[PDB]
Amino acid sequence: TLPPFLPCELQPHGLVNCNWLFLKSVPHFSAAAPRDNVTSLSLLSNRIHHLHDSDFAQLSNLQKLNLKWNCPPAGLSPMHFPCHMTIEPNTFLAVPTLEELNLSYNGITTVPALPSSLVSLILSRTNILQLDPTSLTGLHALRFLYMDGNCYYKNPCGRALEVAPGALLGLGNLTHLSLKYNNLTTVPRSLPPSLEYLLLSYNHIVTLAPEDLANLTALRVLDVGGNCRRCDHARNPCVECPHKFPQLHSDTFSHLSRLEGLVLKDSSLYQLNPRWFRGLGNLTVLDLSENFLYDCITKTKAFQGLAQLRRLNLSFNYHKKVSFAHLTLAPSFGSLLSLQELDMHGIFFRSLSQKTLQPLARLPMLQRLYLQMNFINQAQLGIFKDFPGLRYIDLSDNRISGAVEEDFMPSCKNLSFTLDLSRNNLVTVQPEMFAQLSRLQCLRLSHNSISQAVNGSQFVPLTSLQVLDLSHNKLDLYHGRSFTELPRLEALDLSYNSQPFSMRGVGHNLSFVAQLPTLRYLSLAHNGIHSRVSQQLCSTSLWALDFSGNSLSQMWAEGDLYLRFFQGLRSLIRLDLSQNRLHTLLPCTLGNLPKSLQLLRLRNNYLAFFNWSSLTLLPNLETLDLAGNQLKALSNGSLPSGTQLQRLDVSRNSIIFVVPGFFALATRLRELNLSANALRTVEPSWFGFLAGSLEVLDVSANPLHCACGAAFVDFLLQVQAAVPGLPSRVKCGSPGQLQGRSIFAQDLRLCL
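In the form solved without the DNA, the chain whose sequence appeared above, alone:
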């Protein structure tokens, strides 16, 4: 049985996925295909320029249809190729079950006839330049209409979009309307009173008053930002706000009592009118980013009584000459009694002290505080001890320098208190910086130039710290007492620290790993450890070690000094020895790895041989990863009986053949990656019995020997459930004509 929707892929939830197939038109699927099981059809990024009456006409249960990026407009086309999509009149009418349509990024100039089942319609980046009562007549179900980017720099129209008065009044269920990047100068008259989300950003609506929002009292989100922009630091075409604008009247929003979110970013505001927020008693989110409010926020009263507000964005309110603002928050920030999140990144100010955030200090719910990219170079970090609810501070990308004058490395996201000081100019860490920060659970100091002696005296106050990121620094030398002042430490990232001339004539002392009793995850990746190191790592607690990007090759050529290097990690589960220049491997060196290992990576070494019988010496191994080595074959014995191996990756080798029965004895094997090798066939004999056990068999990017009709294709059709991208991504290597084309290309489809 062929893939039922060739060239496309059936996926979960009745989705036929035809994305990215260079298709010139919509496939006419066969009669025996389960056309009725199809509820969603995706055709993203093909090149269908002509749609017909009969294209969708027999998909009796089709609900979602995505035709995005098929006939892109000149301006959006990389090579400015003009495109005007032809759409036969009944093309969509013939899908009377259709509920969701995405026609974005296509050269269409009018709304085609749509059935009245439609609930969601996306027409963004098309060339529709008019909307009137005849445009979406009778679509009484429609809840979402998105039509952004029909007239802007990447898709110009020489004029404005025209939404006629009442054009959409017939749409009595329309709750979501977006009309950004349409070159509009006023808000369309008489929009459905049912609207709850109205996004009008990035037009040229430079003036706003309460009648512009007439009758829209169900509005929960209003976005009118980017309508009189500042252009000093784009990037892309941008029209500056004309001099005496914007003109927001003082009671514009005062009848929108259900409003939860309000966006006034990039509106060139030098000043806030307190009256704008009067009556907005449900307002939880306010975005004032990219304005000119650096001076205003030191004295404003506009925030008084926004007692329900939970998120406030003031980011990129910076002097356009590019210099420091003097930041002292106005007292009315203190009235934000419900504030959970405050974003103040990219304002630019020299100093973080007691004065700076004073009015915030006692807000009982304030949890997240974004202060990155401010070029702060003096910070009193003690100020954060007396914030009652702080969970996260981002001070990354500043120039602070001291006190005042995933499976291998977990994230800090569920922790109670995290401070990120990455990308500052920290060279040395004084322990008094954190004297008022005993409660910190996660500390990030990556991408500094820390070249200090780490000797057990740097982080003394931080008695609660569970996670320390010191990756990407200039740490010279690890001592036996390094990090031993951190009693509760669970994760430690030291990746990308490599100063081979600065070791003071000695080597790394890795005995500190044995001193950290709660440590679970350690990374020493890209440290350039060739030599000059302790002979043994020892830990009863450690679960994951990333040792990638060193030279164990050199270590293990150096006699037998380093043959038990990892053995003392009595509970190691995950070990990454990828990128270690490993040319050979003794079975005696593999058996000296911790017996508890479940997962071993050797991505990107130079291994041309592997003794597969030596996998008995790792009885608990479940995932083995040998991607990117030089295996020429899978041979020299087979996978031995009893192996617990479930995931095996041998992608990106030069595997030309596999011996018969190579995978026969691996009864737990479920996932096998054979992608990007040199295979010319796929054989059932490789798996003895048990081929139907595999849940994933990836055989893409192989130079398969396509012939009419090769039996390996029979095999892949039999186990097609496990083969990802079978209908399109499993390709031929020969003959010359079918080279790089699908194994089911027109020519070969005759031989089935």
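Positions refer to the first chain, counted from 1. Under this definition, the rigid core comprises the largest set of C-alpha atoms superposing within 1.5 Å between the forms. What changes on going to the form deposited with the DNA bound:
Once the core is superposed between the two forms, every option in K244, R159, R504, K413 stays below 2 Å in C-alpha shift except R504. After superposition on the rigid core, the Cα of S323 moves by 2 Å or more between the two forms.
Once you line up the core between the two forms, the Cα of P724 stays within less than 2 Å of where it was.
Core-superposed comparison between the two forms: the C-alpha position of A57 differs by less than 2 Å.
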Contents of the next structure:
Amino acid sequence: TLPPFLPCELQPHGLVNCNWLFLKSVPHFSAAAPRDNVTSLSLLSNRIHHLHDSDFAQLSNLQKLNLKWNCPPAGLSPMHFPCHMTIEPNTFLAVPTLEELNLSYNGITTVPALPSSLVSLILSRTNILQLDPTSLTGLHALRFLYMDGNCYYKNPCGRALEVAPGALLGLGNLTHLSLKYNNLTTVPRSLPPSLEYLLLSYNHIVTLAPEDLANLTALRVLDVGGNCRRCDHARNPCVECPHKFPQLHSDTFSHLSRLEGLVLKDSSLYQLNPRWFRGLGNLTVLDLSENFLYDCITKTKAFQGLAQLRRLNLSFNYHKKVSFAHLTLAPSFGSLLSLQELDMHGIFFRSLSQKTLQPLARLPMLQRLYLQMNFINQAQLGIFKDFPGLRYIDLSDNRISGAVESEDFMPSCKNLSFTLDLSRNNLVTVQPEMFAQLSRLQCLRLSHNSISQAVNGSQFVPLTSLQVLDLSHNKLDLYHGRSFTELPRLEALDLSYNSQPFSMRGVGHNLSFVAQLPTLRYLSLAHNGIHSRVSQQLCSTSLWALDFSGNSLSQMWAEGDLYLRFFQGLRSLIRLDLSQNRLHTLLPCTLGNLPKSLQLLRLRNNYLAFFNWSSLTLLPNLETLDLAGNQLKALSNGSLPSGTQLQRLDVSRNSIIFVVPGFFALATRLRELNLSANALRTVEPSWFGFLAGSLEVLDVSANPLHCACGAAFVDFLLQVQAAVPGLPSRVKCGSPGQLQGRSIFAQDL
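Structure of the form deposited with the DNA bound (previous: the form solved without the DNA):
A single chain, with no partners or molecules, comes next.
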């Protein structure tokens, strides 16, 4: 049975996904298709420039419709091609069940007629420059109206968006209104008092008064940021904001008793008026980033009594010309008893001392502290010892150099109690004194420093709780046998991208320390170019995962018998990545020397042109084998051996032309098979002994299928269509003639 909505794909929850199919018109599906079951129709980024009364009328129960990016205005078109989208009068009225409509990134200049069922309407990046009471007539259920970006540098219009006074008052249920990037100079008058979210950023609203927020006492979030910009900080085209601005009335916000979030970023503020925050008893999030508040934060009383604030962003409040020698936060920060997160990155100050953050030092709920990108060159990390709630400190991208004068292979630190990021700093050695008061730390990131030390067990002595240590992207000289032995709780160690020492031709290195790390579970030695003069064996009874990608096992395993048991003493290993090791050849003997406990083996992006399948019996616990990106020319030379517990096999991006009958048939636990990006001209059920119904994933995309009438693959792919990703569109013909590059369904074979 054909996919029911060709050329589109039926996805869960009644979604017909027609995205990125280069359609010039809305598909008309068969009277035989289950049109009644379609609840969402996605037409993202097709080339539909004309919508008709008939387009959606046969989808009797359509609730959600996405027409984004079909006819982009010239400014947003990659080639600046103009586009005007025409819409027949009843296009959307013909869908009286429609609840959500996305019409963004289309060249339309007026709002079409819309059914009164509508709950959510997105008209952003269109060319609609006016809203009046007739524009959205009858939409009494509308909760969300987003119309951002109809007049700005990427979509210019030569004037302001004009929203007539009271234009939206008929929208009695409207809770969310966003009108960003519309070249506004004033807040539209008499907006719906139902509003909870009003987003007016990146216009030119440079004066704000309580009258501009009349009757909006239901507001939970107000964003007026980016209206009076500091263009020194801009990454994009930026209009200068004259120095008399902004002009905020002291009582602008005082009636917004329900306000939870206020965004005043990128407003050229040199002053905080405490009166702005005084009526705001429910305020939990305040964004003051990208202002000129560097001196203000040393003295302000504006945080006095804001004992409910949870998140405060003061990032990029930097002085144009300078960094500060010292920075001392105002006493009023000590009032912020609910504060959980403080972002102070990008301010630029040279010293972090006890005085710097003293008012924060007893805040009981302060969990996250962002101090990155501050050009700090002296930091007393001991200041943090007694912060009672700290989970996470980001001190990355600083110039600290010492004491004061995927997850299957490497876990993240997100679930840990206390994490310090000192990555992208200027350490060349590690001295334990810098860590003396950080014994509570569970995770420490030191990646991308300049550490060139021969570590030896003396560096990390204070770090008695440390579980995870990231030393990636340094120059550690590994040879001392007691490296990292001073870390009693170390479970994960990342030594990836420490290749320089290993590249020193003729100088030996030593990985015997690995055996002396009794709790180590995850290790990376990836991208180190390890290739000669190293330990003959890695040993560990604890290790579960080893990333050895990006080395030269090719060289090592060509060196007589020296390295043939390199991984064998990893007696508990379950995951091993040998990708990108320049392997042109393996031995069965060498595969039988990997740990018997192995469950997952990656050999991606090597140069293997032959693989001895029968050797898989030497890894009885193997579940996943990844051979993607090698040079296999066939799946032959026997077939997958019996008794295999293999569940997942990836042979994508090889050069496979042929698979022998039965190749996969004895791998009774096989569930996921990737054959994508090979040279297969057919897909044969005989490869599976005609028992392919247990597969959950069978990816045959990017193969030169021969689209002749009655090829095996047609019927077969239909039989296992639930397993084949992208079947309707991404499974293409290589031949014959004009079918090359087309879907196998472009024609009925």
